[PDB]
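Given chain A's structure and the hints, the job is docking chains B, C, D and E onto it.
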Amino acid sequence: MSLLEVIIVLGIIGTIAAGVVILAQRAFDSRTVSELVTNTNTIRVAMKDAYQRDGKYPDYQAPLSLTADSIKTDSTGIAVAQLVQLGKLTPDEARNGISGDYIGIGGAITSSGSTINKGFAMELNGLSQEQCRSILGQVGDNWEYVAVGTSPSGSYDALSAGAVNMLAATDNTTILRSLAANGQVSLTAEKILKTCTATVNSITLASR
Amino acid sequence: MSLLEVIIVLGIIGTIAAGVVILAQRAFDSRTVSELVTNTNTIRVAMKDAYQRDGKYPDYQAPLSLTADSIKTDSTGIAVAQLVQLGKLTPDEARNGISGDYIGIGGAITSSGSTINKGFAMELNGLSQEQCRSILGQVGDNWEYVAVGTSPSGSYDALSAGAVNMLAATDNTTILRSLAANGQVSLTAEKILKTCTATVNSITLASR
Amino acid sequence: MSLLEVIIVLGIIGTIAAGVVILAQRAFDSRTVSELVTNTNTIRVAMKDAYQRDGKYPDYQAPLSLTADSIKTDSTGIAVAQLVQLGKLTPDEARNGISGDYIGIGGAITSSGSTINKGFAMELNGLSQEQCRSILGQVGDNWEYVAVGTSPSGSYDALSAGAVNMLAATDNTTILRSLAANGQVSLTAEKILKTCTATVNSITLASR
Amino acid sequence: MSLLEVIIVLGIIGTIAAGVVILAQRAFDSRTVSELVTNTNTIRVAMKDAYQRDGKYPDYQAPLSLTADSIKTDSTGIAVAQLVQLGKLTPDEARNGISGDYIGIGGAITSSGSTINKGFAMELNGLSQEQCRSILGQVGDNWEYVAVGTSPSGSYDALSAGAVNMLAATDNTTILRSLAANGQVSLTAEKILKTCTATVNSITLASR
Amino acid sequence: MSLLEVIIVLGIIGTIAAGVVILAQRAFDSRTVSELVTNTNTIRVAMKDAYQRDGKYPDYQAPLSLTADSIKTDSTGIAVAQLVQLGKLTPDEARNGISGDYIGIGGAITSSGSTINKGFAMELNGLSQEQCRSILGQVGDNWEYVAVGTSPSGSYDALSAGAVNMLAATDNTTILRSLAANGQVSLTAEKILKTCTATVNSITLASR
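Protein chains in written order, with the working numbering: chain A, 77 to 284; chain B, 77 to 284; chain C, 77 to 284; chain D, 77 to 284; chain E, 77 to 284.
Chain A with its partners taken away, still in its complex shape:
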């Protein structure tokens, strides 16, 4: 009716719009986290099935230069590209929905001093603190090796340094779960709150 009433109504509308902004961000985070869990499981199964005849898993080759089309034709030994070309998953499933990069996959050792990639690790980079903790709470207890680093979008620092050591001792801040003694730690609320401490985080998941 009056201008003051219109001003109050417009303020209420703006408040509702801001709430919508927050809710949309949370919904995007939830969808991407669920997709990441599903796609990491798919990659785990596909890698286990695809490289059984080799007896070892391929070394890390950076997928950061791959495009939406080049992943289907690249033949430089990138593990996720090989999985896509084998028909085990689509390029959309191979792409980290949060960072926008294709999921980095490298080798991992299951014994001290070993030089053979008897296991494999994959890295999800560019995760926010909320996404990091959500992924942990959802799927961390289901993987044998879980580590938290600070790799940003476009980087795979955990895999670019060599094969992931699955036998490293846990310290409930960086290495959460591993094959080391007393390394099968259940990720409760307190343990999750003790990690993913940065605004930009990454998660390395390794299996044998």
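Fair warning: there could be bad hints in the mix.
Stated by the list, open to error - A few chain B positions that, by computed beta-carbon distances, are all more than 12 Å from chain D:
#1 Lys148
#2 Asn258
#3 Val261
To be verified - According to the in silico footprint, chain E covers these stretches of chain A (three or more CB under 8 Å from chain E):
#4 84-94
#5 255-262
Derived from the structure by calculation, the hints contain no laboratory data.
No residue lacks a Cβ here, since even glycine has one placed at the ideal position from N, Cα and C.
Coordinates of chains B, C, D and E only, in the frame set by chain A:
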């Protein structure tokens, strides 16, 4: 509650639907590949049992004109029709679930210069690249002769050209496994990625 | 309070109403696009399941004369009517929510020179530019053959000209994805902006 | 924000709810059809195993008065009750999930003029047209005798009239498959669309 | 537009939010009930396979003091801890999702006066009336001994009193199914409505 929120929710729903599209296609491919492996094994056993007294295997007769009912009554020498009529196979198992054609079966020679079909070959046509590579990874190491061609649905180019030469040398692109020297090649991920290079592929499997 | 104040208030109210008009149109578009994606996937699965025993897919018969009731009783060989009568989907799911026509379904060839409908194609007509690009960005990468034409509501020009050639070369303007060499193009934002250039557009989706 | 926007949103929500209604009905139909296929196969195997020493199969006794508890103690010669008491079936497996009745089982003759139940037939009543055609497309080709009638829920008209004549000539409307000459008809889409023409249908499956 | 319209819209929004609260509670209940059914079956199979060489099942030891990590290392004879350590199930599968306690497992006698645990029983405590009736209607007919008690979260009163008597007579209020005469009662809706009469309920399932 607002129209913008509804639009965001509808976008999320559409994304889920597209994911369902991809998953349904993959499930169909997996089911058809498993059925093809099982049915090719059944055909192999049935062929070996049915023609033991003849001492040779029948020449290729095109099954591309057979219907769901004519396969049970045809008497023109089509091998898969004979197997169905002998009770070793139902028409459903005799049909390539991917191409929709009845599986083509022809003779094959186990020595250089031979004119007697001492072995038999079967062709699976109309395969996609993913289906081709999945079938290879599943079952290729279990057959003595494995070849990859480009026969589309409704065609059996590998069998229509005469008896399959099981002694042909392997080249890791077309002839993957054979009875030739150094022809017993294990199909690794690296090898499988070097073949089934077209969008339409066929697999010829031959046994003694 | 005064007449000028109420005039200003009424102007603000009219602005809000115009915004509501825009938002309602966008919500309708989003709902129809999501429904189209879902129903096209359902029809694809239903066609794959229903015609397996035939070994080929039915030729195009125009569904443009069907009504809400006649689709359940028509027996002239219309593919979508057969799918509805088989219980695979309801008449509402069989109807294009944008153009109001029942979805046109025809045969498609998966090889050069073939006269057998070894695949099937479906046409969505009467799409606006926004709807065309939204459907592409949502689901285009999940279909083996994707083409963009200008068929208006009440017309199926892409299917009425014969079987759809799934091997046609892509040109990023009309044929976006196909089974031809280099035809597996990912639909990015730029590629989507390069197509659906008319105010009235149609999308042909073909599968094996 | 405004009441008109709320009205539009509520309309969209109602449309989604109606779609959910349709999808829930379809999911229930699919689950019941799969359960019926599985349970009919289980009953077939159980009947073949249980009555081998008798040399003939029991005459039809109506199971329509059986309850969830009386099936485990009834001793009036009802075949499904005998199968349940023998441990081959559970009462849930013996119940038609669509009509709610226990599956009717009667004798069947495998020759003209015979008075001995050398085969057995089972009836599924109360099927809708969609359920009838789905069951046919799923399992019809796997049974030697398949007939379509109009027995409603709570009735077994096909079995209450005496032993099922497995040698009756097929007519692609009521008797689809039988042991008669030219009675081994494959059930394609057209043939399925030619039967189950009522809103209430029943299916009789008979085996030797 | 006006403040009154905003108030009406906010009331509608609050009503929708309350409906969402109810729906979220129901979804959580359904998920937990399905998980409980699955995990109880897994535990039943694991007990049947793990203790075959012993000839008897272990006595009840309270798992209420176990933590997320101590279940993997406890060696005090707790049955669910032994099953977890044997690799039969994960700690998450061993935990009652409703009460938050690890599932209590104890011995059970299959004859009058027996002092040997020839069967095993498991207790699900802290169930609401809705959850109790849902679990019954889902799985009660599939277990040989089903009893309803009032054990709250953190208590296992049924198992802490000694071995469960599987031969106890049924009374349709506390003992629903057992090995006693006339103890194989089917759980219909009317019989389910006569049990789980408290706000806090527990279900004891015992098998041979």
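So, going through the hints one by one against the coordinates:
1. For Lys148 of chain B, the condition that its CB be more than 12 Å from all CB atoms of chain D is violated, with the nearest at approximately 6 Å.
2. The Cβ of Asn258 of chain B sits about 46 Å from the closest Cβ of chain D, beyond the 12 Å cut-off, so the non-interface label holds.
3. The claim that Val261 of chain B is not at the interface with chain D holds, since no C-beta of that chain comes within 12 Å of its own (minimum 40 Å).
4. By the rule of at least three residues with a Cβ nearer than 8 Å to a Cβ of chain E, the coverage given for the segment 84-94 of chain A holds, with 3 such residues.
5. By the rule of at least three residues with a Cβ nearer than 8 Å to a Cβ of chain E, the coverage given for the segment 255-262 of chain A holds, with 3 such residues.
The structure is inconsistent with hint 1 alone, although it conforms to all the rest.
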